[PDB]
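Okay, so here's just one chain, in structure tokens, the form deposited in one PDB entry.
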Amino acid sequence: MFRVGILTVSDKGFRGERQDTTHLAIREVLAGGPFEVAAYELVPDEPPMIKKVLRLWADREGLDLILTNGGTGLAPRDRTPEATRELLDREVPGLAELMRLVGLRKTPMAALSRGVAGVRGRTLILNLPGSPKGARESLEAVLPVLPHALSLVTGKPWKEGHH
């Protein structure tokens, strides 16, 4: 059982009424697995602010997994990967590759995500794309090895079954 934080990165999340549907898509993928969503926040497309939350969640809250979504595109404003890399002690390129659906012949556009994956302290951090469909496919691609990955990073155990 691993504590997960979902961070939705966009300035559009501070412009009034809209339901964060990507957040919901992510929860669905995790449903049933050794995961418990212990945090959820919206943050602007401002590296300083993204880093403050990631820093807080890893260093103080001690979350096991942080799934950010959005800001990984080719647009000059998408700087989630850069902001994240600067906070990582080491990266896990294999997970970044899985999120791009490399060699799966599933969704070609998924290859454009610059999202990174890495560890800070005892917290695994993955940058998922910003659309509901994108975040969903990228997370489902890593799901099979996510519990094993988290057990190594966090040193915490997990049970193979329904939760």
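Numbering follows the first chain given and starts at 1. We call the rigid core the largest set of C-alpha positions that still match within 1.5 Å between the two forms. Compared with the form deposited in another entry:
Relative to the superposed core, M49 undergoes a C-alpha shift smaller than 2 Å between these two forms. Once you line up the core between these two forms, the Cα of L104 ends up 2 Å or more from where it was.
For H148, a C-alpha deviation below 2 angstroms is recorded between these two forms after rigid-core alignment.
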The other form holds:
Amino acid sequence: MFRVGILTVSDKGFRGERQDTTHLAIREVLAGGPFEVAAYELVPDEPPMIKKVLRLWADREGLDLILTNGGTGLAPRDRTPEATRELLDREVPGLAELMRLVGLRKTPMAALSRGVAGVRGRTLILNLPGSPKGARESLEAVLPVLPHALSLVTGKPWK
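Having seen the form deposited in one PDB entry, the form deposited in another entry:
Only a single chain is listed, so you will not see partners or other molecules.
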């Protein structure tokens, strides 16, 4: 199956101001599917630290999928999208749109996420919103096409 890395980006969480329960929601969404959580890391809202982990998991570990959560809001410090985009060879806008739950009749707060989606080498990277609820709904939105997308990027089977 596909090896996943979960990167939580949060100033408050990194400095111990609050606990990360978002990775727990993400794990639940992945459980049952063709996924294996190979790594987990918590970093503050700092591009330098976000990238190090992204490069590490993509270039050294060769993870198939990287799911970051947090740092995609409109707050000045939220810079996960910018950090991620700097490392992508190409983007997959369709996945970014899915994560924003585009199409719902009731305007979703998910629309405020600036998260991007793209490929670095043979690793798919998705920026999920930071809240437990947000990350969950956004991940569930892409789940239906995630396996096939990963097969195309990595070249590995799942079904």
